[PDB]
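Peer 1: Each chain is listed here by its residues.
Number of protein chains: 2
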Amino acid sequence: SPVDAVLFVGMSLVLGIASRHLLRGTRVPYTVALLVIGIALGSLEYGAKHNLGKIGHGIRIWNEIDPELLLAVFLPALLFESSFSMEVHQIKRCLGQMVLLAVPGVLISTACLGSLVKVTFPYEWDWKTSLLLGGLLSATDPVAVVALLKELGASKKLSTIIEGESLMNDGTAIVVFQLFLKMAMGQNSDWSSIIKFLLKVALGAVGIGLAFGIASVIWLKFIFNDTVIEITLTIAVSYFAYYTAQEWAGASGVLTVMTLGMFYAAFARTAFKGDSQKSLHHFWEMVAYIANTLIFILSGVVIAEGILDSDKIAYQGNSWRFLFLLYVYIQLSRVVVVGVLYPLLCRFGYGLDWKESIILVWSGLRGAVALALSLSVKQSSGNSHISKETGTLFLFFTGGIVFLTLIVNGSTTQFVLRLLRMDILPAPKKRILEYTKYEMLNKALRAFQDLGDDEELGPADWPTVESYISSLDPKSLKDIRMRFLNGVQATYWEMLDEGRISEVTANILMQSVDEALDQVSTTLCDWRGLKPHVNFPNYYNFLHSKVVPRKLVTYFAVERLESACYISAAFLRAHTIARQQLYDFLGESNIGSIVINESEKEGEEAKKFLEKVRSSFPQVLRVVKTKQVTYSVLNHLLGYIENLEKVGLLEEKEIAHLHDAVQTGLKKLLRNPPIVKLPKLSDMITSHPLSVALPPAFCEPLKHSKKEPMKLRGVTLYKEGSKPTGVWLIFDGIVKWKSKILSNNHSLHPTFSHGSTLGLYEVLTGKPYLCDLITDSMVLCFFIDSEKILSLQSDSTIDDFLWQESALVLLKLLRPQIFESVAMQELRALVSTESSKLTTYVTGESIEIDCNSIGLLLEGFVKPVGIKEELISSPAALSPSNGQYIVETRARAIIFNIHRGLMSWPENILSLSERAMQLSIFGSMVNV
Amino acid sequence: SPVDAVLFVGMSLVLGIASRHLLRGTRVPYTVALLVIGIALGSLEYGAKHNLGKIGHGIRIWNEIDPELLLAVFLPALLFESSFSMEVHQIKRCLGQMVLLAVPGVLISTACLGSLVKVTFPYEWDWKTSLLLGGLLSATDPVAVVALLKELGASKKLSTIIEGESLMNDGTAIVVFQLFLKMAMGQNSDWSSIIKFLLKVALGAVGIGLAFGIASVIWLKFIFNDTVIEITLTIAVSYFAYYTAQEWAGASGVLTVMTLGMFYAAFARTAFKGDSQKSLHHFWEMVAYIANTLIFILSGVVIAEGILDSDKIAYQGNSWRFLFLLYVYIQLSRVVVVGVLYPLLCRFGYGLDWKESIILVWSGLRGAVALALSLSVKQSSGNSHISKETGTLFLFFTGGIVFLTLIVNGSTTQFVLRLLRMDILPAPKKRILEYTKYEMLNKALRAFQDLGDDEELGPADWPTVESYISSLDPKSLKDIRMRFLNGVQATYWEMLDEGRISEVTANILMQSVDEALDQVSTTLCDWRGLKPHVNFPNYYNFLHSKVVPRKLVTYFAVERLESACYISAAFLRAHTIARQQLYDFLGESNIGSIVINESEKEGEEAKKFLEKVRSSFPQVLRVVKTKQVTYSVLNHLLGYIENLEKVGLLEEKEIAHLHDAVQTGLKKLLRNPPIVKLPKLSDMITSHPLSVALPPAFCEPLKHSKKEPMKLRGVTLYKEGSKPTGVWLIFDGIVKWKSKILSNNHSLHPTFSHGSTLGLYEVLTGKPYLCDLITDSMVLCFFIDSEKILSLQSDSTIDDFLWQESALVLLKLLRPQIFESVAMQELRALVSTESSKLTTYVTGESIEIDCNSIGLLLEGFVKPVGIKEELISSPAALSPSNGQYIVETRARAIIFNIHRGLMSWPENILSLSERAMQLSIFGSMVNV
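As given, the protein sequences belong to chains A and B, one line each in that order. Residues 32 to 503, 524 to 934, 958 to 972, 1007 to 1017, 1030 to 1048 in the UniProt record's numbering are what the first sequence spells out, letter by letter. Residues 32 to 503, 524 to 934, 958 to 972, 1007 to 1017, 1030 to 1048 in the UniProt record's numbering are what the second sequence spells out, letter by letter.
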């Protein structure tokens, strides 16, 4: 007999596999087909008394399945992954509406449904059992709703809203179902009894789940490099959570497993390995899928057994009337609960409209959970409390509700989508889709360009490759804003590809910009999407209560402000790059200036947040940047190691050691944020690039003490035209430069970065201060007198290096049209190149600027050739006027050699030789 | 009571997880720790009579586990993935030694061990039960051996040899164990009875497994895009294979599941999805891991129960003597079987030496399979045939053998490795390792270069990042050969990265070159590694037996020659590129010429194989190239789609549709090779680049009939100095050009490719044929008379295009020093660039060649300036002599603008500004 049960399980599994395979994108889920097949099989086994053999034995051995055993085997398996694959950031974005739809939504739904099925539902029912029915089919199938919504059209709001509300409705409905099913078996008599029972079954289960989750997350953080033990540990901890919950504490094990899934979705994304997460999700999806198909087949067969029993419930000819009435009651209950919650749903979280309201009310899919609970009721029934017809009627009613609710509410929802103007794709997103379907074509064409150079295998055939990929202004403010926001999206994509931010941060930023793209007509609301993720409420940690450890403060501050810090940094860099790109694209359009000013003013509270973080926690910024840098570095190393393992180029021991080392580094990162000692002033002096010219004797004036590096926001450094009293050093912070005399035109983002010396040009030339410096953020800055640098000017090499640094700063100043749109990173390479040479020019000589090169005069006067004689002053930024410049005074100079298509997609894209190219590579005629 | 069993399962699982986590790289497997813990728990439950509570109930409910149930639950779970993760190409490389070690190796081991444990092993035993013991602990644990060997030092031979021999020893041992355990329960009496029983249990099980594998592979090929249903289908088909095998046909279900795993490892790599394979492997590893830990714990607890029973077997004080004798017998049996098989092992497959012999004999690890079979014996025992002590003694003996065999043979094997000079890493592989640990450093440094440009988060801290990555000639023939082979490895790596070949082909080529690197002293044996994978035995298909379908011939030919065709193509391209790179690296070394000649002569039988394929099947080459091209294109598109899904940049419906389309294309590819119609001559004419100049009236001389395009190998095209009788067209094939008059120096690989016109220069200039053409392979070539082209010369645009193509060919001829090391792909871009212009020069004018540009004279005479007056003839290839050329006759010309470090790793790798750079980016002092 045990072999019969496993044979039934395997047969049901094969039927599930077949039904899912045949019914992909057929506007009908495989689950309803499984239910119908199970009903047919049960009818053939019981209704017709046809001896099915061993399959019949399996049917009759699973017909007597214990209720509690059914819950234990199935319900946690259904609910673990449904609560595991959550995008917890989106949930925390709209958690208020989630709980509002979950707890009081289910309460109201159960109350209304029980009242309706008690007043007019003639079977001489009881109020407790009717409310039990309400709480039974007040549960929404999460996986079916997720699949429907992915097939359905919902940008990001309805998807997560309905997903989470169904997920939490499962738990709330199972809790209320347990409460109502436990009617008067020696307990649950008075109001205090049910209150304490709820307290236990809910809070104790949640606490057990959270404790087990914490223990397992610590274990995972302590597990360095192994995929399999992670899935196995998840299985073991889930089983022990269920065991402790229901056989040690008496709580609800299913709710404990569901809370465990919540905790793993929330605080265990970084605990799991980078490559093990996909496999773990696939395996738990597989467990949930087997559980779902098996519970559906079992429900179908038990319904068929029940409705065609000796009493012949189905052949009464009247039960279907009340089944249709119950479906109407489901619809009415959903309508009334959505209407009641609408006055509060709209004011919290995501804005909900009547369109979203009707999509929400119509997208109620009672599936596996309701069927499992109904099977639980139609088992161990027939006693004094729950009778026998009073049992099947529940099972047949719930099965018919699942049938109708998955056929009509699963099919006609798309037809409703066709109305109400939601299936239409907005132009801001249509541009994105058509661009991404245009990069597919270009990437494929470049690949076919590359795979045509070889000659041993002969030409390729373009038509088949094309067949296999056959699935392929300036005066308008809104278009300019949309182009700017698309540029911001491209910048986020590029910075994620290069590795500024992890996957979750990029997802948050892209979701926010997608939300902001819908309000392109009005002011840019990009930062409004990021507002929930950037919070700096209080700093009670600095009230001396916890600064005594002076190390846990850094840990807590990082763990709380870490994601917000990446979000703000990426936001600022994206808007800077996008502003520069838009300025290049438009040049001098007034609309361009308006939108740039709009973006600059809009991205101000993020700067305020970063300034507050810097002023409160000076060391959190360095730790956060270190964590980001090492995370990106380790991801690159992991990619290289995966490539090597694919090749097999190294032995399976050295490559295993390297992979283990990289995984250990990643786990030590995601476990504890990097510990960086607070740098002293001398450490920053040594780390500063200018310290090479600074002798070690000058490196220890009591290790450069007696001065505090910090400078508050807005503190001036030196006024324009003032005497060069000294030169500053910028170890960390922001300095803004302004000057009317200098050609500050097209200087969109005037800013010097860390590791720079400022004012060196004036102190080594004696000229008045060219630029006015204002510190936009708190800057860790140091001052060194003019006399020290003038003394350092004694030797030739030090003087040459000092004038090289002066030249770099003077390129940053004089020519922001080209060199402002680049960090101080590459300019050091340009100045350090041996081709770039410092030269001294005598009167009568000239400057040999030519093609593919640029020049810079530092001191002296130059006479141009071919133009009216001009006395070009010391800061010149000499450039080839044609694609000359004789010297007239004592002069010394220096010479140098000199995804981003989404902003302008349709505005950034024949000769007899081109056609020859096209034929020699492609087929007859296909544009490249 | 059922809850007790599941509690025991969960406790054992947690203990397994803990033991594996603690004992990673401790030179002791977690399995022995699990065995010891199980023995201790059983001793505490039975030996001390200490009431353990519910854990004790679980122990006593699993103590009475049914034997057949134990096999069913455990053994297929152990063996499915052990037979699933095979690298089947390496197995087919050395299958002869595999079967030799498996079938007769196990037979000899069982015979010798049974004889030894029957002659001197006093318990009044029987011969059948003693041979049963031999066949029981004649099984080697596959997973433990794999883990040990990955920790152990074996390049590629011992690893796969021992892995496969243990894997097949499992099946052979379970078959012989079933045969010996089935002694005289109403069957297996005479020799005919055992012969037919073996025939059934082996061949019928293999056939059932193969049929189920074929059905499931067809199902997988018909499944387009879904990960979960693939794992679920694997589970379902495995269960149904076991069911059909043992409860419908009477065969051995475990052997059927093992053969199913073989079939999936062999012919189902392409059936599974590209992203689902890793998850599926992880899940089945997880199932095998739970099965292994549970069987180990169960074996330990049952041993503890048995040896401390009423009879007190352990406390007899003598059983350990015979246990140690049995361990010595295991060692002696392994020694004798390896010695017997050595005269035949060495002559077949991989060469096996005494060093490999001792590593093989010492690496025998009896693990989970032997313990499971021994538990099967110590259950349903105590009857007339198998007694009761005669049962435990088997269980305690097998458990002690596993204990000793996993402690000493699992630890001292590394110490033996320390001797015999195998742990030493050879210099050819040490160079590879130190290079790959040098690209880690460069990639990390470049990443830190990129992640230092931003300014909102401030500087990064280099020391912590460094801490997290703290795990980091010309006259010698052998060094030159090693450098050349490293260049070939780099070429394979680059061509896999760009996508010439799949992962398996790149793995085969890299394994072959790794094997060849060990014989660097002698002639290059690279092709010897590829020899088993390149076979063209017979072409009976062309005997008119199966050419009537004239479509199944292409299918069968592709399916048989497909991998060999990629291997040969990649081999040829890799050696061409490596020869060119080596010639660039050395220039004119005699050793370089010797090794280049060696490589060219060595890579000749691959050309012969490709020529045979082309002559037999003309259309297989195009189909194979098409399949490769579309596979690479779809992989690139899948990578882009995965990037987009990570971003979340598109809605979850359009991106889902694109992913589904790409997966459907990939499945339609891997299911059926692409169907390409055989191109007609007119199709190739139109597809040829020169057809643009050919008018449509000239495009249909009865669609260019009356001529057969094919030309055999070695057929000349036109002799040097002959009159330009016409111009040829190369649609597909190889042409070699030789000319003493032309500067053929440094022309390492003189070859024109497909889609080219040859001889056009001479026919449009009237000069004698510059080059001598020899067809190195069968070429599909066409001839067009001189009069037609001279007539086409009538119009200006056609003449300009014709002279542009002439210029491209003449760059391919005159300057092979620069333009031979590039395909005809990019040269079309160079000639087609608008900067590259065709100009007509009158006598007295000059050619304006300058920096960053090149020139070409086609007809006329030119006088140089600054050098003795030379009459440079019509083919000139004018180049800037300094980094001039006045015209003297009627002349017309044309102007143009103009992983690979592994070959030379240690010979391809400060100023005051450089130190400033280093400080401004990094910490104090770290070389870049």
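Please keep in mind that the hints were generated in silico from the structure rather than gathered at the bench. Some hints here could point you the wrong way.
[Unchecked claim] Quick list of simulated restraints, FRET-style, between CB atoms:
(1) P33(A) <-> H708(B): 26 to 36 Å
(2) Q347(B) <-> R722(A): 21 to 31 Å
(3) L54(B) <-> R722(A): 13 to 23 Å
(4) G690(B) <-> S146(A): 24 to 34 Å
(5) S644(B) <-> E885(A): 34 to 44 Å
(6) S932(A) <-> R966(B): 31 to 41 Å
Note that the Cβ used here is the ideal one computed from N, Cα and C, for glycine as well.
Peer 1: Could you tell me whether the CB distance from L54(B) to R722(A) stays inside 13 to 23 Å?
Peer 2: For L54(B) and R722(A) the Cβ distance comes to about 21 Å; the hint holds.
Peer 1: Quick check on a hinted range of 26 to 36 Å for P33(A) and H708(B), using CB atoms only.
Peer 2: Given a distance of about 45 Å, which is not inside 26 to 36 Å, the answer is violated.
Peer 1: Hint says 24 to 34 Å; check whether the CB-CB distance for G690(B) and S146(A) agrees.
Peer 2: Because 56 Å falls outside the window, the suggested range is violated.
Peer 1: Between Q347(B) and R722(A), is the Cβ distance one that fits in 21 to 31 Å?
Peer 2: 51 Å, violated
Peer 1: Does the beta carbon distance between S932(A) and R966(B) stay inside 31 to 41 Å, or does it fall outside?
Peer 2: 35 Å, holds
Peer 1: Quick check: does the Cβ-Cβ distance between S644(B) and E885(A) fall within 34 to 44 Å?
Peer 2: 35 Å, holds
Comparing the model with each numbered hint stated earlier shows that hints 1, 2, 4 do not hold.
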